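Work the whole structure out from these sequences, hints included.
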Amino acid sequence: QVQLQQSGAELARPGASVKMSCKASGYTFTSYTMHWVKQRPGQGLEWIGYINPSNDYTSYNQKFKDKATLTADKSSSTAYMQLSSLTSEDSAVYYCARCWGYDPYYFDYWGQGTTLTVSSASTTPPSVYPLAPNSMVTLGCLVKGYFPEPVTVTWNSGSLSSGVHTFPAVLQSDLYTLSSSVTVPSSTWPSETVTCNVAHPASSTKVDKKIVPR
Amino acid sequence: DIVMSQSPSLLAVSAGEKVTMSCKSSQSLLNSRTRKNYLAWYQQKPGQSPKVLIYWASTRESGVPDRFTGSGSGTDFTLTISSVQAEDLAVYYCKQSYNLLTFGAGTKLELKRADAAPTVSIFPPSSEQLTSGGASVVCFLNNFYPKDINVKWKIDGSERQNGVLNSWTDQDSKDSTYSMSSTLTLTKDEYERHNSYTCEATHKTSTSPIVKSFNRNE
Amino acid sequence: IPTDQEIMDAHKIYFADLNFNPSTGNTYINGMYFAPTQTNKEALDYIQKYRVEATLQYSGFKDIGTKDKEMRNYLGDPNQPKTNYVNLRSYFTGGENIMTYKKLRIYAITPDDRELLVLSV
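Protein chains in written order, with PDB author numbering: chain A, 1 to 52, 52A, 53 to 82, 82A to 82C, 83 to 100, 100A to 100C, 101 to 126, 133 to 213; chain B, 1 to 27, 27A to 27F, 28 to 212; chain C, 755 to 875.
Hint data in this document are derived by calculation from the structure and do not stem from the laboratory. Among the hints, erroneous ones may be present.
[Said to hold, decoys possible] Taking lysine-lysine and the DSBU-like style, the derived pairs with C-alpha atoms no more than 30 Å apart in a straight line are:
(1) 182/B / 148/B
(2) 45/B / 18/B
(3) 146/B / 102/B
(4) 816/C / 803/C
(5) 148/B / 62/A
(6) 23/A / 836/C
(7) 102/B / 209/A
(8) 39/B / 66/A
(9) 19/A / 856/C
(10) 856/C / 836/C
(11) 182/B / 205/A
(12) 64/A / 19/A
(13) 19/A / 168/B
(14) 19/A / 73/A
(15) 23/A / 816/C
(16) 24/B / 64/A
Set out below in structure tokens:
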């Protein structure tokens, strides 16, 4: 059973360096080439380069010639990728993939992916802002200025599940911001309380924000 | 660099339909010594690693359903799903390995449904955010289809582009619609220099944009 | 120190480590034994690395690498002494099968970087 086990998620400051690993098992590590693929959030796949563990031969996408450094340890059957001079452009998911064929023909086995986030920010708890404004009324919740991902948003401790849209977070000014909307009948609000529950386990923070009529 | 062009970028399909997507190369991927086209197709579902479907342009990988079929030679290639299924909803990347390796931009499959206008709601900056010095005006555009839509911000009639951030949901698993959040963030002083803040949504379901507004003074 | 003729003559008797399927007819090479004789112990022990060029199923005739030799019981017989064994499983094939009865070349690497074609099929 072929398995590719990658390193855990990584955070790094700009201009620094990181080294990820791809633990290989279930096959002869030296008889297949190990490739690395980049995927920025919301974008497509991008080939970085490959290493031949048998002879340590490397081939790179010229975009990553100065950025990436591929190595391989035969004794441990582990492939490494070193990224240097990290910028915001490097924040992406990086896959290691085993390639079949003497010449590269296809990727038959992939790693689960290593998430890289480049930011000058350290762990920052979120600020939770209420969004108060027909038979239906839409309320909101603005979770702003936190780092790192993720935060989770529920409404009335899960009692409100339908009519909820929680939007993906955006990274701007080195901090994350997301919003969540909930739609309830106008007979329920403001007659009954609607509360926004925000959790940020990275900072061990739970915030409950009651949506009060403006 | 060998350039990979995939079309269409987005494809709305119905269950059971025949679905075809193309991948074109800037140079021939056919190796004359082995007479094989060094092109492969990969499927990626959200939150999962890519999985190979076809290699050598037309060789189906063991374990891939028979509904997937790749064809083409040289510079024009095609991936065909004889009967698209709900599990077939994903992004499909073509990849060359003739000279180095290059992925295509991908072709996304979405569930086709009837067009739906967005439910637009606008929100003033909260009092708690204003004590921090910032001011974010939030616009929700919920449950619309198709995904393509233009939203513009106008302060006191004048359009505003900078300081606007957008966020889309994936296609809703219940009703196959999309939702968007648009947030115009300004400084508290800038927010206090103007009165009217509006959010304008242009969607193919109507010729006239959907307008939601509020006046800071009221 | 053995001369080039002694090294080549020490690799004149060889056996292929094969796995054969009588039902499908397919054959796979695992490695190659170089037989120990009464007058070849010095030349065999003098060689430590082996370069192999093999015929891959889809990529064709390619150099599969230059690896250190292994010391295995000749023909897998425990009663037989250990001898030079070219283990093809440690060379680079991209997972491709080595065609058993197609072109194959094996070179012996001397410690002073001479390469001598010792097997040709």
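Provide an ascending list of the numbers of those earlier hints which the structure does not satisfy.
The structure breaks hints 5, 6, 7, 9, 13; every other hint is satisfied.
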